[PDB]
Amino acid sequence: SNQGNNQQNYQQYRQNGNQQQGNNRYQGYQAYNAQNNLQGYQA
Amino acid sequence: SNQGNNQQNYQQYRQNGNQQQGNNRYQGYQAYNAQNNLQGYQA
Amino acid sequence: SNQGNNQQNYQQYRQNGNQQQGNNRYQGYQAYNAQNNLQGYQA
Amino acid sequence: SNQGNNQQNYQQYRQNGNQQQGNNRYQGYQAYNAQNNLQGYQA
Amino acid sequence: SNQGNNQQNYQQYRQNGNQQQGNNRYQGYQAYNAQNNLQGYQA
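Protein chains in written order, with PDB author numbering: chain E, 4 to 38, 108 to 115; chain C, 4 to 38, 108 to 115; chain A, 4 to 38, 108 to 115; chain B, 4 to 38, 108 to 115; chain D, 4 to 38, 108 to 115.
Each hint can be trusted.
Across the chosen pairs, the derived CB separations fall in these ranges:
no., chain 1, residue 1, chain 2, residue 2, range
1, E, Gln114, A, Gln6, 39 to 45 Å
2, D, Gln10, E, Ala37, 31 to 37 Å
3, A, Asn8, E, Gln15, 18 to 24 Å
4, A, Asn9, C, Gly25, 34 to 40 Å
5, D, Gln10, E, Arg28, 38 to 44 Å
6, E, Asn9, D, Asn12, 18 to 24 Å
7, E, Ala37, B, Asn9, 34 to 40 Å
8, D, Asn12, E, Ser4, 28 to 34 Å
9, C, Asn8, E, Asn108, 40 to 46 Å
10, D, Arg28, E, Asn108, 34 to 40 Å
In case anyone wonders, no lab produced these hints; they're calculated from the structure.
All C-beta atoms, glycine included, are put in the ideal place defined by N, C-alpha and C.
Construct the complete structure from the given sequences, taking the supplied hints into account.
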């Protein structure tokens with residue numbers, strides 16, 4: 004929840020990578036481009 | 004939760020890499036570009 | 004949780020690398036560009 | 004948790020490398036650029 | 004947890020390298036640039 008006051012640029016460029024608890028299987032691709109953009113996964 | 008007051012640039016550029024607890028399998032690609109951007113995984 | 008008061012630039016550029024507890028398998032790529109950006113993994 | 008008061012630049016540029024406890028396998032690439109950026113892994 | 008009071012520049016530029024306990028295998032690249109940046113691993 005956003006319950007704060009006075010904060011400028013709060014977590015402005017924060018990035019959180021993979022979080023897994025338990026017995027989980029993840030295969031996939033997540034990409035965000037905010038603007108020539110090459111984001112490429114070629115397994 | 005955001006329950007704070009007076010904080011400027013709180014965790015502005017924070018990055019958290021992989022967090023796994025248990026028996027988890029992750030294969031994947033996560034990329035964010037905020038702006108020529110080459111982000112490339114060529115396994 | 005963010006329960007603090009008066010902190011400027013709290014963890015502004017903090018980076019946390021891989022954290023694994025248990026029996027976990029991770030193969031992947033995580034990249035964030037905040038701005108010519110070349111971030112490249114060519115295994 | 005952030006439960007502190009009066010701290011300026013708390014852990015402003017802190018970096019935590021790999022932490023593994025148990026039987027874990029990690030292969031991957033984590034890079035953050037906050038600004108010509110060349111971050112390259114060419115195994 | 005951050006449960007402190009009065010600390011300025013607490014661990015401002017602290018760096019923690021690899022920590023492994025048990026039977027773990029890590030191959031990878033972690034780089035953070037906060038600003108021409110060349111960070112290069114060419115095994």
